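So this first bit is one chain, no partners, the form deposited in one PDB entry, shown in C-alpha cells.
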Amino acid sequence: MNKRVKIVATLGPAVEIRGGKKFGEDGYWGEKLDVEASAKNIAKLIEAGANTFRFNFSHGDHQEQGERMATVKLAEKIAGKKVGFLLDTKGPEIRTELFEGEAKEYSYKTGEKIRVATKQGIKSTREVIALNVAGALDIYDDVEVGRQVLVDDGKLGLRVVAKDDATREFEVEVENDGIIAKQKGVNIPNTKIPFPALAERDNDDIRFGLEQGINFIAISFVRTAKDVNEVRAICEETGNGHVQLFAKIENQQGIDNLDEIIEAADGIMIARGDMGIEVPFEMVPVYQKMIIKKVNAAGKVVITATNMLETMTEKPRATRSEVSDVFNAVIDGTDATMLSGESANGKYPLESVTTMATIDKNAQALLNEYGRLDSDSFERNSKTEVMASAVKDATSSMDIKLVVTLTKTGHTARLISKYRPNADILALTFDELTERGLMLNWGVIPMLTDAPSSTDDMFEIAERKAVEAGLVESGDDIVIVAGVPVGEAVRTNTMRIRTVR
C-alpha cells in the first residue's frame, strides 16, 4: 500500500533537540539547536509519511524558522526522500501578550470581572490582558459590549460587560476555566476589524521564506481574491513564480468569497480551528465537504487541518472521534490531512504521523465504496483533461498497478490526480521545483529524471524509473502518458498500456 493521501506535518520544538535537551526540559531554550540529531528525528517523520513540513511564522522568529528549514534539508539527505516546504503566515488576525514579573498565566477561573487593553505595543497583569494585535491596529471602537473575546482556539471565553473610554480597556468576565498564553489566537466573533490586505510582517516573513526556498505558502485568513493576489505579486516579482498559494479559509468572508478565492489560489487549506470559532461550529462539517468538492472540481489541492489527532499531543493513542475525523476527511475527497501541535509541540510527533498514515491508508481502500468525489460529472475542458479521463477509464476497466506521466510542469499529473484513478501516479519531472510542487497532490509520487531527448523511448524510461522506484514488478500492468514526440508535442497526447518485463 502506497499512501495516496498526503500528510502536512507542522514542525517545531517537539522533534528539535537543543544542547542535548528535549522540549520541556529546563534551560532548553537557552541552548543551541543540535542540527544532526534534530535532523535524524525529522527523517523518521519523512519515512513515516510526511510529504510536506509546515513552518508557522505565527510563532518563531526568522532565526528559528531558518535553522529549522536548514535542518529539514539535512533530514531529506538522511531519509533519502524529498518533502515540500510550506510557509504559514500570521494574517489579518489578533494574537495575545506577555505578563509582568515572571508570571506566565493566571489561574483564570470562571466568574471574575477583569480587563483587556487595546493599547498597542504593551504587556499584561492578572487584572488586565494586552492584545498584541498584528501590526498595531486600535480595535477599541470595533468591539461593542456583549461581544465575546476567546483565547487559545476558544479554550477560554471572556464576555465584554463594559468599555472604559479613559483607558480604552474592555471590562470582561471570565466565562470558564483556562490559560492566557502568548502568541495565542484571540478570536472576537461578529467583529469587523479592518486589517490590511497584506501586513508588513507578512510581507517580510514571506520574503524571508522565499529567500530560504519554499514550495508553498498557506495564507492565514484569506477574505477575498485580493489577499491571494498580493502574495502572488511578491512571488512573481522575486522570481519565485513556481510557489503555490493555499488560501486559508477561516471566517465567513473567506466562505462568502470562496469561488473567487479558489480561482486566484492553487489550493485551499480548511483551517478548522479559527473557522469553528468565527462561524457556527456545527457548520464547519458542511463547509468542509463543500470546499473539498469545489477545490477538486477546479483541479486544485485541498488540505483538511486542525485537531485531527489532537489527543496524541499528550497520549500515544487518538480518540474514536479523532480516527473518525481523519477517516471521513479522506472519504470526503481530501488531497491531504494535517498535523499541528501533534507534530510541532506534542510528546508523540513520530507516532502522530504514523497513526495518520495508517488511517489515511485504510480510508483510501474504501474510496470506491464510500468516496464522495464524482469525476463522472466533470466537464473535460482540455485535451490533457480528456487524457486524464481516459487514464481513469483504464484504471476502472482493469487492474492497473501504476499510472506514469512524463510531465514538464506537473499539469498532466494534477489533472490525473484530479480524476482520483484507482492507481498510484508516478510523476516523472525534470526539475526539483516541479517535483517538490506535486507533493500535496492526491496519489502523486513525484520523481526527478533527466529531461528526455528526441531519440529517447519515453515508455522504456517510464518502466525503468517505476522499476527503480520499487513500485512495479514483472507482469504488472501500468498506464503511461506523455507528449510524443518530444519537441513536437504541444501537450500530453499519448496513452500506452504496458506490461512490465
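Numbering follows the first chain given and starts at 1. For clarity, a rigid core is taken as the largest C-alpha set superposing within 1.5 Å between two forms. First, how it differs from the form deposited in another entry.
Fitting the two forms on the rigid core leaves the C-alpha of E169 displaced by at least 2 angstroms between these two forms. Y140: CA moves 2 Å or more between these two forms after rigid-core fitting. Treated as two rigid parts, the chain shows its smaller part rotated by 21° relative to the larger one between these two forms, based on C-alpha superpositions.
Form deposited in one PDB entry done, so how does the form deposited in another entry look?
If you are looking for partners or other molecules, they are not here, because only the chain is given.
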C-alpha cells in the first residue's frame, strides 16, 4: 500500500552532520557543514516518505537556509525522488526583553501583582516585564483590562487587571506559578495589534526563498485576505506564479476571516501551536475539523501541524495520544501532516518520519468506515469535477489499485484528490513546477513524462508509467482519465477501466 496523506518535515540541525559530529555534541557548532553526509541523511527522510521539506525562517539566517535548500537538492538525487520546497515566514512576534544585569529568568507565584511595560528598547526587571514587539509598535492602546498576556508558548499567564497611563504599563495578576525567561515568545489573545499585513523582514525572506527556488510559502499569523494577497503580488511580480500560498491560521482574527482567507490562499496550515494559546485550547479540535472540511470543499490543500509526534523529540517512541492525533487528523480528512521540532532539532528525525508514515498509511484504510469528509454532498461545478465524481464512483464499485490522470496544470489531479477515491492517484505532468506543485495533495504521486504527441496512445502511456513506477502489476484494474484527443480536447473528458497486462 502507498501512503496517500502527505508529510511536511521541517529541516534543522538534527539531520546535519558537521565535521563528522551529529547535532548537539561537544564543539558541533564549530565544524564545517558536511554536505554529502547531511544529504545522505535527508535522502533517508525522503525514502521514509517526507514529500515536502519546510524551511522555517523564524530561525537561521539566509546563508544557512540557502545551504539547507542546496543540501535538499543533493538528497533528491541520492533518493532518486523529488520533494516539494516550502518556506515558512517569521511574521509578527512579541518576545520578553533582556533583564537588568543579564539575569536569564525569574520565578513567580499565583496572586502576584507585577507590571508589563509597553515602552520599547528597554530591559525587563523582575517587577516590570518589558516587550520586544516586531516593528517596535506601541501596544498600550491595543490591549484592554481583562485581556491575558501569555509567556513562553503560553506556559505562564498574566491577567491585565489595570492600565497605568503615566507609565504606559499593564498592571497584571500572575494566574499560575511559572517562569519568565528572556527572549521568550509572548501571545496576547483576542487583540488586533496593528502589525503590517506583510512586514519588510517577511518581504525580504520571501524574495530570497523565491530566488533559490520554492514550491510553497506558509504565511505565519494570517489575519485577513490582505496578508495572502500581498504575498501573491510578489510571487506574480518575480514570475513565480506557480508558487502556492498556505495561510497559517494561528489566532482568533485569522479564524474570524477564514472564508475570505481560504478564497485568497491555495491552502491552510492549521498552526495548532499558536492557535492553542490564542484561542481556548479545548476549541482547537473543533477548528481543526471545521477548517479541514471547508478547505477540502474548496478543492485546496490542508496541512495539520504542530506537536503531532512531540515526545519523539527526546524519546524513541511516540505516546498513545500522539498516535491518536496523527490518526484522527487523517480521519478528519487532512491532505498533509507535519513534523516541526521532531524532524528539525530532535534525536530521532528518521524514526519520527517513519512513525508518521506508518500511522498515516494505516489510517487511510479506515477512511471508508470513519472518514469525516463527504464527497456525495459537493456540487460538481465543471465537467472535470463530474469526471472526478465518476472516478470516485468506480473506485467505490470495484477494487481499483490506481487512478492515472494526464494533467497539464494539475487541475484534474486536484479534483480527483478532492473526491478522496479509494485508490492512489498517479499524476503524469509535463513540467517540474506542476510536478512539485502537486506533492501535498492527498493521494497524488506526481511523475514527469513527455507531452503525448497526436500519434501516442495516452492509455498505453498511462499503463506503462504505472508499471514503471512499480505501482501496479499484471491483473490489477486501474482507472485512466485524459483529454482525448490531444490538441482537440479542451479538458479531461474520457475515463477507461484497464486491466494491466
